[PDB]
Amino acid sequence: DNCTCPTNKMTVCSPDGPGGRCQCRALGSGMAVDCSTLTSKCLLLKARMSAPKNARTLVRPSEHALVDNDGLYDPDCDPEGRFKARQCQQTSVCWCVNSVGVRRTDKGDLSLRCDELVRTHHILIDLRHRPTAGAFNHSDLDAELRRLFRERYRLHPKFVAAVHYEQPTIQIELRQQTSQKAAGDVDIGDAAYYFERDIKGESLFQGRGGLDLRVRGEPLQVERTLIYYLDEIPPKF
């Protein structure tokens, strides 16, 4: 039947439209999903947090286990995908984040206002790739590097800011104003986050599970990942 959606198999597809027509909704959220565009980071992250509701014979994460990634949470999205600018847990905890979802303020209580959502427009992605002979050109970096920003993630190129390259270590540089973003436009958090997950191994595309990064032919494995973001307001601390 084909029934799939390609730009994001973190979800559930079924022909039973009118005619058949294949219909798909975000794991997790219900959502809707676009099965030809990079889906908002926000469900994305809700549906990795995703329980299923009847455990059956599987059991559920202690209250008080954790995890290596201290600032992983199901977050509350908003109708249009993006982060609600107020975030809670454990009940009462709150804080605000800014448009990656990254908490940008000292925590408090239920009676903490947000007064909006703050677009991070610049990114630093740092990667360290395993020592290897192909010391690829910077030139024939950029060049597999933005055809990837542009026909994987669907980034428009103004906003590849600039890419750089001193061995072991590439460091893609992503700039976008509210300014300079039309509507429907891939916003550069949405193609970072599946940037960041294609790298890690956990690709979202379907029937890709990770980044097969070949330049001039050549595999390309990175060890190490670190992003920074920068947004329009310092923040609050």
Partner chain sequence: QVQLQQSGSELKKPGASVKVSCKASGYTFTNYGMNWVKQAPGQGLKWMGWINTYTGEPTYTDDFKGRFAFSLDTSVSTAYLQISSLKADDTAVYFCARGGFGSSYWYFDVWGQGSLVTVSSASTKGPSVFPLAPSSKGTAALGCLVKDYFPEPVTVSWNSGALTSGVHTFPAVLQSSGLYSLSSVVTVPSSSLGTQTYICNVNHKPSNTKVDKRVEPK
Contents of the next structure:
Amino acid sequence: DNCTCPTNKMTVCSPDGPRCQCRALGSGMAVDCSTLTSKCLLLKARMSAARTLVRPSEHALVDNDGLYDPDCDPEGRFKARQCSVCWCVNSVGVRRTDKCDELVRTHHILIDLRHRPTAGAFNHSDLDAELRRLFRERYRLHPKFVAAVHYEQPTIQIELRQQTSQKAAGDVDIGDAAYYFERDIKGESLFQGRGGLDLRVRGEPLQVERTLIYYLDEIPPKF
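Any chance you could show the form solved in complex with the partner chain after that form solved without the partner chain?
One chain, no partners, no other molecules: that is all that follows.
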């Protein structure tokens, strides 16, 4: 009965237009709720949001590059330069230089999942069909941008491929689809009203134990 934003729960929605209007948390930008939101704006939402949970020390180290509140352009893309210490980032916001003429697009993504061993049988055909269904239906990615699915039990790989010339105006970007998928796998749906990914293959609910994601840019990193 109220306004929702199916493609972005990190919003506040009110019937304010001529009509539901949904604004992104942490920026206030109006959101198109019929397509995926850019990873850059979703990171700003995440960073703008503890009870007895402790916070890590500002001096703690992690085994990753560190989370940050990025700068986005008026179309919601990462600004090419992120910053005292500055660096260039690609279209999924990953640093590609050391600490920026253009925003280099990530045109190929490798997603490597390992699932928990399970009694229900399935094979590559089943996985290929199901993951392709999910990427079109849940992540709104056009079918041609899933390039390949690979399976060697218990590892699943999905290759996404989307060259600049092949991405039409309005197409969901593989980088945003990959981010929504990554968060879903970690038990955080970014959707509103769509439940979880709830991956099931040939009828078998699957549990993913480990996710690795590799990003390949149209221009190589300069390190």
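Rigid core (definition): largest C-alpha set, two forms, superposition within 1.5 Å. Numbering follows the first chain given and starts at 1.
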Rigid core fit then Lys200 CA moved by 2 Å or more between the two forms: no
Exceeds or equals 2 Å, Cα of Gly184 between the two forms, core fit: no
Is_shifted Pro79 between the two forms (CA, 2 Å cut-off, rigid core): no
